[PDB]
Each structure stands twice: as C-alpha cells, then as structure tokens.
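Let the hints inform the model, and build the full structure from the sequences given.
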Amino acid sequence: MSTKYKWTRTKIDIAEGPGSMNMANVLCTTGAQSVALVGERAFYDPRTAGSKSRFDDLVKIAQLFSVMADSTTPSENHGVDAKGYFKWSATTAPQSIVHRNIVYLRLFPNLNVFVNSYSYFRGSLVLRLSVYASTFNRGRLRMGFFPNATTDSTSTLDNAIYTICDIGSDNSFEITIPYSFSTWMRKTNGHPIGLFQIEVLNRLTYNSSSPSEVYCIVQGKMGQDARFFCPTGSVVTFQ
Amino acid sequence: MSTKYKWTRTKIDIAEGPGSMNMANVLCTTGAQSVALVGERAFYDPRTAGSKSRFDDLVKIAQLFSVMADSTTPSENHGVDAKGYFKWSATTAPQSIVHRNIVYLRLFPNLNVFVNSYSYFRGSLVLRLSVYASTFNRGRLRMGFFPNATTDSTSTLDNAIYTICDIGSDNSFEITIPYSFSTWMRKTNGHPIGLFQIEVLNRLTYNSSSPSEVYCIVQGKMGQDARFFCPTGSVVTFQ
Amino acid sequence: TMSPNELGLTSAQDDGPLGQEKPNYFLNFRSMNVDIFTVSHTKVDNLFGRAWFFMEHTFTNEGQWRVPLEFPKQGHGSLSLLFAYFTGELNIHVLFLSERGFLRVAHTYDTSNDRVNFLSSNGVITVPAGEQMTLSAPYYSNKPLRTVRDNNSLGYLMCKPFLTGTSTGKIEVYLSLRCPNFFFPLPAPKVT
Amino acid sequence: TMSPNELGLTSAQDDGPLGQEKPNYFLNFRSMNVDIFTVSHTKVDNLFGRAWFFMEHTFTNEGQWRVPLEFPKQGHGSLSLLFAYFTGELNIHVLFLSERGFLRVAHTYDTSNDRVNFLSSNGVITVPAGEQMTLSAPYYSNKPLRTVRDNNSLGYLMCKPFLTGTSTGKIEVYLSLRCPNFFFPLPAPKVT
Amino acid sequence: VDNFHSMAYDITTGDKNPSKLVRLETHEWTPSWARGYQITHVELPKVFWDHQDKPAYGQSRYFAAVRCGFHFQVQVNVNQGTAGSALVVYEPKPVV
RNA sequence: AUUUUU
RNA sequence: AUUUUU
RNA sequence: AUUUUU
RNA sequence: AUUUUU
Numbered sequence: 102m103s104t105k106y107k108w109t110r111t112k113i114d115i116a117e118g119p120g121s122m123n124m125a126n127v128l129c130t131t132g133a134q135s136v137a138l139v140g141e142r143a144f145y146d147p148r149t150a151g152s153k154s155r156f157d158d159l160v161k162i163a164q165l166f167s168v169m170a171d172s173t174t175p176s177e178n179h180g181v182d183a184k185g186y187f188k189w190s191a192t193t194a195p196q197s198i199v200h201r202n203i204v205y206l207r208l209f210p211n212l213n214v215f216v217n218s219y220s221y222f223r224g225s226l227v228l229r230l231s232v233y234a235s236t237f238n239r240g241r242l243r244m245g246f247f248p249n250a251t252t253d254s255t256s257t258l259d260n261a262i263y264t265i266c267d268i269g270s271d272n273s274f275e276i277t278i279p280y281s282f283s284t285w286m287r288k289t290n291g292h293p294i295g296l297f298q299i300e301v302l303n304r305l306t307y308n309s310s311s312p313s314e315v316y317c318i319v320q321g322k323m324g325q326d327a328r329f330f331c332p333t334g335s336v337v338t339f340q
Numbered sequence: 102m103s104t105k106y107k108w109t110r111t112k113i114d115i116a117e118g119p120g121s122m123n124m125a126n127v128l129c130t131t132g133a134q135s136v137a138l139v140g141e142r143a144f145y146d147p148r149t150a151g152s153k154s155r156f157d158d159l160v161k162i163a164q165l166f167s168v169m170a171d172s173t174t175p176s177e178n179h180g181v182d183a184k185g186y187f188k189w190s191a192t193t194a195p196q197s198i199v200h201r202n203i204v205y206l207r208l209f210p211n212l213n214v215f216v217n218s219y220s221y222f223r224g225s226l227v228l229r230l231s232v233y234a235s236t237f238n239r240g241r242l243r244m245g246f247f248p249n250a251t252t253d254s255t256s257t258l259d260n261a262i263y264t265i266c267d268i269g270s271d272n273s274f275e276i277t278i279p280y281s282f283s284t285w286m287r288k289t290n291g292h293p294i295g296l297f298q299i300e301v302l303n304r305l306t307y308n309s310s311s312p313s314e315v316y317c318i319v320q321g322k323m324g325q326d327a328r329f330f331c332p333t334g335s336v337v338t339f340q
Numbered sequence: 057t058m059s060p061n062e063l064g065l066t067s068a069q070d071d072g073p074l075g076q077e078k079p080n081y082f083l084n085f086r087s088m089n090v091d092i093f094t095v096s097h098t099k100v101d102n103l104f105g106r107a108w109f110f111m112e113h114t115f116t117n118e119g120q121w122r123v124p125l126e127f128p129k130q131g132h133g134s135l136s137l138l139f140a141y142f143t144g145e146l147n148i149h150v151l152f153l154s155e156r157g158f159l160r161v162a163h164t165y166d167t168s169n170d171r172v173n174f175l176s177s178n179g180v181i182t183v184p185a186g187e188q189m190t191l192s193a194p195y196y197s198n199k200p201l202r203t204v205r206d207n208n209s210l211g212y213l214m215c216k217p218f219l220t221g222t223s224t225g226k227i228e229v230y231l232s233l234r235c236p237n238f239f240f241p242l243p244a245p246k247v248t
Numbered sequence: 057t058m059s060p061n062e063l064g065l066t067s068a069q070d071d072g073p074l075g076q077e078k079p080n081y082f083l084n085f086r087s088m089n090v091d092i093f094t095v096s097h098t099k100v101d102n103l104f105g106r107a108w109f110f111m112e113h114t115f116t117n118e119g120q121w122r123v124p125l126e127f128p129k130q131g132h133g134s135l136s137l138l139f140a141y142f143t144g145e146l147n148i149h150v151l152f153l154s155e156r157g158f159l160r161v162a163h164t165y166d167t168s169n170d171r172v173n174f175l176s177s178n179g180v181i182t183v184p185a186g187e188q189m190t191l192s193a194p195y196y197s198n199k200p201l202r203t204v205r206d207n208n209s210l211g212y213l214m215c216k217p218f219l220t221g222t223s224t225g226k227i228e229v230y231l232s233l234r235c236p237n238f239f240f241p242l243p244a245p246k247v248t
Numbered sequence: 002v003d004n005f006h007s008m009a010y011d012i013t014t015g016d017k018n019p020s021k022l023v024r025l026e027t028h029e030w031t032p033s034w035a036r037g038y039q040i041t042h043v044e045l046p047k048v049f050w051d052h053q054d055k056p057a058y059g060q061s062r063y064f065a066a067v068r069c070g071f072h073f074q075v076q077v078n079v080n081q082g083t084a085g086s087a088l089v090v091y092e093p094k095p096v097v
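Chains as they are written, first to last, in the working numbering: chain A, 102 to 340; chain B, 102 to 340; chain C, 57 to 248; chain D, 57 to 248; chain E, 2 to 97.
Take the hints with a grain of salt, since some may be wrong.
[Unchecked claim] Within a straight-line C-alpha distance of at most 25 Å, the following computed BS3-like cross-link-like pairs (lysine-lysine) qualify: (1) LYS153(B) to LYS99(D); (2) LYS112(B) to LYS107(A); (3) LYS216(D) to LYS226(C).
I should point out that these hints are in silico values taken from the structure, not numbers from a laboratory.
Quick look at the structure:
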C-alpha cells in the first residue's frame, strides 16, 4: 500500500502575477466570483421590453441606416460639403454637382459609435440616396464613388462605382462599396472610405404645379459582410 | 454518506517562489495569460508573403551559403588574410599559396548570427570555392583543411582533407569538414574550425584573349547534420 | 435570379418591420464574409465582457463610498447607449490602493440610502490592502429592466474601508458585465 | 550510386529554387545526425519561446509609458533579423518595481496615439506593486504581416502606473513570442 | 466572333496583353566596378508602367490597387574570352 | 494549427 | 441560458 | 443530513 | 499501516 510515503497535500507552483486582474479577456471576467446569496442566476423578462429575445450581436446595429453629417438646413454650398441633406435643383446644369465630399465612417451616427469603440473593421458599405420629389417631377442623377480617394474634386464618374437614379415611385436608390484596402482589416478611424459624388445627369423637370427643386437625404450602413475587430480607446465623448 | 465531515474547499501547499517568472522555458511562456478579448487565435496569411507555409526551423538558415570575411577588394596579401575574396593568378607558382587563414563560424554572415545566439553546436561544415574564369582558362587548384588547426602557416596538404579543382564548366568546387572535437558538442565561439589553405597545383593558363588571373569566392554553410544547442548571451550587436 | 429591388432600387417607406437583412449585388460583386479571428468581437457577451474604467475615490477616513453606477458615454462601453434596456450580471472591478487595511465592498439596486447604512447582506467582500478583486453582482433589481441611460442604470456600489492607523489612499474602480441582455435599440448618441 | 555532383563538383548558377538539401559525401564519410537533447533548440517556436530583455522605464508620476516594440538586434532574438515578415502571438513580460501601487498594462498595433489615451479595451491587466506578469498579446494588427525590422514591428506597449503616495520606481520590460510565423528570409545583418 | 479570323490571334490576346514580357531596363556594365557595386535597379512594380508605351500602362492607370507575380529574365552577354559574375537578386521593400 | 505535450 | 467552452 | 451542488 | 478518508 502507499503507506511507504507520508500522506501530504498537493504542492503546486504559482505562476507570475500574485493578484493580477485581467480586464481584457471575457473568459476571465465571466469566471469572477459571485456576491449572490447562492451564486445563482435570475430569470430575465423580455416581454416587458416588447421583445421575444435579447440582442446578441452589435454588428446588426452597424447595419442600420443613419444620415451622413445630418444638418437642420440643406447644403448652402451647392452640396460641396459633408451635409447628407441637400437640394436637387432644376437650375443645376446636366453635369454640375449636387453633392461632393470625402466619406468617413464617423460621418454616420450609428457607425461613428463603432468608430469610437473598435479600432479596425472590414466589409462593404451601403449608401442610400432618397430624393423626395412630387409625382410630376422627373429626371436622372448619377452618384458615383471612388474608393479610398482623397482629393475632394469633381471628376468624371465613368470609371467610378456609380448608380444612375431615374425618378419614379421608389425614389431611394442605393450604392454598395465592397471592402477595399491594402489590408485584410482597416482602421475604423484613419483613411477615408473614398470620394462620394452625386452629379446631375438630366435636369429635374417640373410643371406649373410642381416644385422646381427637391430635397435629398443620404444614409449609410454596413453590408451583410460587415465586421469590426479590435476595440480601442475613445476619440470622442458622447452625451 | 460523507456527511460525517463538514464539506470544505481543497487545501494545497504552494511551492517555492510566489510570483517567480520563468523566462527560460517555452513551455512556461506559451501558457501565459491572454489579453485577447476572448483569448483566441487569428488566421495567418502566408500568401501575402508569397509563401505556402511559415518557417519552422532555423537550422535551415544556418545551412545557407555566405561569403567568408567578404570584402570590397580582393586579398591584397596574396590571400594570406581572412578575405574569402581573392585572386587566382597565373604568376603564382605551382605550389605557392593563393589563400590561407584560420576559419571560425563568425567569419560567415549567416553563421555569425547563430554564433551570437547559441553557445554550442555540432555537425559538418561545407565550404564552396567559386573561381570565375573564362572558357579558355585552365588549371588545377588544391584546397585542403586541417581540422582544429591553429598555426596559420602554409603546410603540405597531403594529409589534410583536400579537394582538387580542375577548371571547366562547373567552376564551384566544395569541401566538407565532418564534426571534429573532443566533445559531443563544441563552442559556437571558441576554438577555430581549422586551417583553410588553397594552394596552386597547376598555374592558371591563358591565351591572347583570356585573363591571366581570375577572381575567387569562398562561401560557407552548415551540413545536413548541423545542430545548435544552447542559446547564450551576445558577443556583438547587429544593425 | 436577382430582382431590381436587390440591385439598389427600393423605397424607404417600405422598410418596416425593423431588421431586414436584404442582400445587395451588382455584376462582379457579392457579399463576401471573411473572418480573421476565431471569434466575433461584435457579440454583446464578448465586447462587454471586457471592463472599462469608471471612476476613482480618494479616502482618508473610514467613511463609506456610495456611487450610482451607470453605463459609460466614454469607453467602448458606449456601444450600450445604442440600447434602451438592460438586465443581467454585473462585473465590478475594484482596486484597493492602501498600505495597511481592508476594503468592504457591496452592491445593491435598492435606492434607499438606509438599507446600506449597515451592509448586513449587501455583499461585503473583503479586499486586503494593496489588493484588488472582481465581484459579480447579480441582477438583484426591483425593476425587471434597467433603462440603460439612468444616472443609476446600474445599481449603487458601496465601499467602507477598514483602516488601522493614519494610513490613507485611493480606490480606483472599473467595470464590465457578464452576459448582457439589451433590448429595443434607440437612436445613436450625439457628441459633446 | 553517388554522382559527381554530390561529391563537390557543382555550379553556383544552378542553385535555384532556394532550399536544396543536397547530400555531400566522400569515402569514409556520411551525414551523421546525432542528438544530445530530447528536442530541438533550433525550432522557431522553442528558441523564441524564451524571453529576452527589451528596455526599462523609471516612473515618478502616474504618467503613461508608450513604447514602439521591435525585434532585438541584441539578444538571441536577433535570429529574427534573418527574416522579413512576422505574425503571431506576442508574450510581454513586465516587472513592476514599486513599493505601493498598481500598474496598468496594455498593447495595440494601432499607430494612433489617441486610441490609447483611454485604455478602454486595450488590455489593462493589473500587476500589483512589487509584482510581475506575463501577458500574451494577440495579433490584433491591421496589417497581415509585420515587417520584422520596423521600429514598431511589434505593436506599442502602454504602462500607466496607479501610484498612491510619493512612491516612485522603475518598470523593467523583457519579452518573447508564442508560436511565431516568419517568412521570406533576408540576408544576414551587419555588425556595429 | 469573326468566324473568318481576319485577325489570327487568340481571342483573349487583348486581355493578357498587359502581362506580356517587356524590357524593364538596360544599363552598361562599366568595367572597373568593385564587388558589391550595384549595376542597375528597377522600381517594382511601378516599372511595368514605366512609360506610356508599356502594355500594362493602359489598365494600370484605372486602378489604385495591385497584386501580382513576376517572372524576370536578366540577360547579360559576354564573349568567351572575357569572364566575370553578377548577382541578380530580388529585394522586397524590407530589404530595399 | 499535434502552430502547448503524446 | 451551449446566456463560461465544444 | 441530497443538513455543499445535481 | 484502511497507522489521511470510505
């Protein structure tokens, strides 16, 4: 029998760090001690929230449209600013610009939050232009996008990813921008997404009882393949 | 039932060293805690490196040729220096020396790195002499090697490990030096590898349109049985 | 095949119900999902499973420290501001910076400031001087859901240090949550 | 039998592709592989699995310590200079030499110096005064590969000590890596 | 598709044209140049669009990103009477 | 990625 | 509530 | 004395 | 030496 050795408790070596508190790994925090009377769990009630289940993934929120650089007043510079709220006017030439600016994720309410949370990301971005005109107004508008472009200057969109918008019943055209960077993952706050330009293709037509100019709204969200990766510090403070 | 004893947590004895950090054993470091959000791993991309797999063993690098005591100018002392870059000249007598010196691992770029990393090693060493002459030049050259020799002096190579080089199409002759020491493992930086001598056997012949002297290059690498053992401190600082 | 709806032509007034994972394509393009890590960093459990600084308190006496715990409008935890209601475990990380003593720590969702005067059963864990602990407070709230914004969205934290001599110090506190249940996402926050 | 090629007679211009494990023989000789230890000390995982000093910082205030981590041109880690690209886990060993306090440690590959101003989710592990920890930072790089030479080949390390009184000290830092992926070996380095 | 092939070439000729082999550089090996001396270099990969007369110059102008493989052929001719040796090596940005 | 160990 | 991990 | 937990 | 516990 093992009576040739005096029974003793197990001896073990304690690794580096005496009471090192890991506040980075979730696998570490979830295992923390419980101040609960019996270390148990509670029964959650989604109904009171009108929901059938909790919200598990945040990416879905990043996939929700939000106005770009939204303002109370339309672009007062013929749309050459970041305001995603401008006017499509009959006067504007068949090639003049109705809106041009460099796009960044932070220009979007929902996205700007992730920008201040995660350090990197990847995936396609979707922009949806909604022109609110009357049933009589007609015309076309081509909106293109030069990925990672930085020179904020009007330029032919023949080689850019563009979408021609013909006014009808569904006046909310979109445009997708596939992930494009020299890396497998890009900074959530660094290099621009590209040059966004919406040029006039065909003057907005009208009649005696219809408006000679209409309002437009530009929204932005993440694609179904969107992802965010490293959480980083904050660059701004919300309220 | 075991209700004859009041249930309690396990008691264990903690070995010597409270937060002793072992920075010597890999089995210790690889088990360190992870600051990762979920303590996970990433998917590496070899393609961007043009490779199909990572590099696992360093010995293979030690098995890559590198010029010995490489210089911009050929040996100005008839090759009696460490320069692995000298000249084979027609004038040199049929027994005169074209190059002689004591060989050390540090005399090789690639190897010198391991010399500054590991403390010991073993295995055969291969030296490859490349004489760059024209298609008309002809002659023979015998290069020998006296293992662990220290007296830097010209001596008959009849008893040394030698290789006779007859100029032809493949003008890059080699020479292997089997592991030779009083130990199963020798200092990476200590006793010389031996005496390396390249004597003239037959005067370099030529003609009206061919050079009367050519350039030679001496490279060195480790054998397929090469091994390195203990990593030690550094004796030099790279850049 | 592909419909014109999935090619960009749609109507903003036909988006309800909320949550339409509609695919968008065009020639030479398709939603490509490529993963870099073995897991997601967007999942609520993972992201929030990582703590973030909250506040610091400098003590001199053995007084008590009562503080309304709330969600951050500052760190990566701000992503919570996108929601309206919360419920679940709460991980509190406390650092007791003191030469010689002990720190009593407790947590409750009870608003009454008298049920805390004693600390009887409010979770009085003990962190010896110069130490730090991570206590996970259960959802002992009297309200099924915690509006995520409230200055007291999270329950109050108590800290009554038991000092021995003239020794004084400071208690830095940071926190995270274990498995969080968020509901009814609201509009994105503004910046200061 | 043995060809003249394997007897020393070869041509340097016929070595490509790179990596030719050609055997070399002569009478009374053959490649003899004899092992002294149960395992290899040449394997990248093993060699680099052992740390090496990096640098030391002497703190006086609660300021932060930002430092571009890079491969050594000094210790056995120099063997890395033989490669061009790296990728994989990074083991950071930090020693907090202080009388009374705490040391916040974090790591990121992000070049921006503002994403670190807070330390929200950059891995703020806590080493109590007079203690030492070994944190393994994942490859949270925005670049698939890390040129091995860059003054910031390895991501930046952050150290914001949380002191309590006039106490001051120094933070010595050394490091190693877990399973390293090196690619495209370049020419050997020069000496100073 | 012209069934008569009035143009006898592969249908994908124009497509592959930019990958065509081209002369990237031609410098003269000036005698009396010590070992290690750099004979000539070549800006990779922008050299394939070195001049507007490069097959790849056309397309290269409409795209900002590139991912490609190379196949070099350094040629050096010298009469039999003469001798010498040159080191043709590829140096990634890290090395350069 | 038996890229902790067999 | 595979609401620690598979 | 499932008078640690199932 | 069920001379740790059953």
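Evaluated hints:
1. A C-alpha spacing of about 18 Å is found between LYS153(B) and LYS99(D), which places the hinted pair at or below 25 Å, so the restraint holds.
2. Proximity of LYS112(B) to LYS107(A) is assessed by CA-CA distance (about 17 Å); at most 25 Å being required, the pair is judged to hold.
3. As the CA atoms of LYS216(D) and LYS226(C) are separated by approximately 16 Å, the hinted pair is consistent with the 25 Å bound.
Checked against the numbered hints above, the structure breaks none of them.
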